[PDB]
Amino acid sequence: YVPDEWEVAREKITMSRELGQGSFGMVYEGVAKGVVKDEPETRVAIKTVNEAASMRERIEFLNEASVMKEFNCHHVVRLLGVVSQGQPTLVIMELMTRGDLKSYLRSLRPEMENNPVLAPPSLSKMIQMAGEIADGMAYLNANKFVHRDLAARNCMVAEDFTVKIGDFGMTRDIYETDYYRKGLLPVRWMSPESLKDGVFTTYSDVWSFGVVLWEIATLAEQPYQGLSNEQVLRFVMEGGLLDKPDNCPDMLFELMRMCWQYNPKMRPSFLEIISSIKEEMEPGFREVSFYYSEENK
């Protein structure tokens, strides 16, 4: 691994409580100095590798993390720095206190005790999440990337409830059942063309986005529940679709349906998705989004 402008002296990092498991190891919260301009103390997340990992693994952890270096969008989790000189190997990133979107959605399901409970997210809360996710995705596409694993588990929730495209390749061992080996495919999120030809584009990311909306509307139920992984492949490739979740506003299901057009060319783009809901976005969206930025053509 070649040390970069992203290197941060170990002494500038403080690690406290653990947050949750990542791909190469436990993710911690803590504080960092000089990673967000000249801020002496910024709350950050700290990715680690298990100490008993080889030199090869540590380098692989660092190389994977480096793909994030090119991005700077309000609706994509930011990489802040890297600790590669000596051990433990660290990656410093924007702190998302509310965890992955799949865990956050699952935490909103009623508990089964006799106590009071928050009603499920309103349509406006669901649209705000849809817009922020679509904005991060429109940003990635403008930067010539195909995500290939867009799903609620790969989105993160901030303290203020802002949803962002999360850190890349972190949930394959957290949500094992969301992946199918017979490499590892997230079949319940895949477009018919990706299942048939193994090809992924922004239009297949759009398909997966529709699945993310269905996850939001069901509080992260498993898509195509009652179908096995092989049955999912067959059902989707034959033009089968997910049912409208009970109580899902038709407006929201219609957007899912546009995302699930069998032909990828007939699917809306992420910019097209945002445009259709922009009037419903909180006013700050016009100030922070890629959509309203100078970068959006």
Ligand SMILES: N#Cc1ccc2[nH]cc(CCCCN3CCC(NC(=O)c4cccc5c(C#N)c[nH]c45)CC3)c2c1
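Here, rigid core means the biggest group of C-alpha atoms that superpose within 1.5 Å across both forms. Numbering follows the first chain given and starts at 1. What changes on going to the form solved in complex with this ligand:
Measuring CA movement between these two forms with the rigid core aligned, the set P192, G99, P223, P88 has one residue at 2 Å or more: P88.
In the core-superposed comparison between these two forms, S54 has its Cα shifted by at least 2 Å. Remark: with the core as the superposition reference, the CA shift of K125 between these two forms stays below 2 Å. Comparing the forms between these two forms, the C-alpha position of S275 differs by less than 2 angstroms, with the core used for superposition.
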Given for the second form:
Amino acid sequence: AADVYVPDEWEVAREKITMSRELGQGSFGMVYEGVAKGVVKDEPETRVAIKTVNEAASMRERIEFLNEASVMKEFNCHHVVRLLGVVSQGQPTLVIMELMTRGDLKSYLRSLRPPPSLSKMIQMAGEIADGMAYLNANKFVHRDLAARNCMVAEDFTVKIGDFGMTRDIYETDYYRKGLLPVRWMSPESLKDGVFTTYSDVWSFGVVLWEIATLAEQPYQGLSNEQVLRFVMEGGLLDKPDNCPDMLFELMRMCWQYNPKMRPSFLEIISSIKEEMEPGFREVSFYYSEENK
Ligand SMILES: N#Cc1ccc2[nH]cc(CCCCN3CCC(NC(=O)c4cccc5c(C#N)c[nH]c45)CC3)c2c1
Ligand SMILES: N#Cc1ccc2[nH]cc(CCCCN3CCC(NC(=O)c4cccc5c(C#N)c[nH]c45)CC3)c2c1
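Next up, the form solved in complex with this ligand in place of the form solved without this ligand?
And the full complex, kicking off with our chain again.
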């Protein structure tokens, strides 16, 4: 399982993939926009994102890259970016993904700085929580939930997804005392380095705070070590200027010191479902037959 990737029904002929332009450096190599033939039912061609493994990468790194794709083969959720294919024969190694035309949510929020309505903010919150509920139900703990690791579609739908954020402009969101997203981590994760569904919920509260501040750096002014201490000693982020009270109260629930006191993602959605737009009932994990 380690050491080898076996090409399968996800393998795409490299001749069916064309790359048009760069999207940015991912954690294993450059990511491109392009077009893939035959990857979506009833579409002769589909616009896609294309992750690559850099030429200088090691044998082991190629496998890690491929195992990350392998884990997503199981998933099919409206609120999680979809795997579409793999090219593991010859070079370069490629992974083909659903294209999110408006990019990552951190960048998007920052672009709005010289404001999104409460209804808009709630829609984003529910979409993110729904994708996370789906993943957690399928025994997937994310470990790096953050606005930079959510993506925005042409119609503004937010989905869980990323190309690896440790090596580009948000590299300073990680601390290497392995790389740890310390400003997004629960007190218990900061202490013992274990991640759980409960710590994903902590991180979700930070994502709400990002939405409410147009992606300020959490704990701005504190160094990484000062953040570790602050959070482990029971400190919290301040209520953002002009923040709707209902959003801050949700943050506070996510930031219970005791992980067992926090809501689950399903409980979070239950608390805001009345404010979700028409359509959510039809596409969500929460309302689906799978949620049981
Ligand atoms: N290919 C592909 C592909 C296709 C469709 C997709 N839709 C959504 C995603 C991204 C899902 C999130 C995956 N990421 C979650 C954090 C993981 N982090 C680690 O695996 C990890 C590795 C080493 C040390 C630590 C650590 C510590 N200390 C905490 N996490 C890690 C990296 C992958 C996605 C990816
Ligand atoms: N920062 C920021 C920011 C900036 C601009 C934004 N505009 C909208 C949002 C909120 C995110 C929610 C996006 N939503 C837009 C309508 C979509 N709904 C539909 O697309 C739809 C809903 C119901 C039936 C059908 C249908 C049928 N049959 C075809 N489409 C639909 C669902 C996602 C938003 C957030």
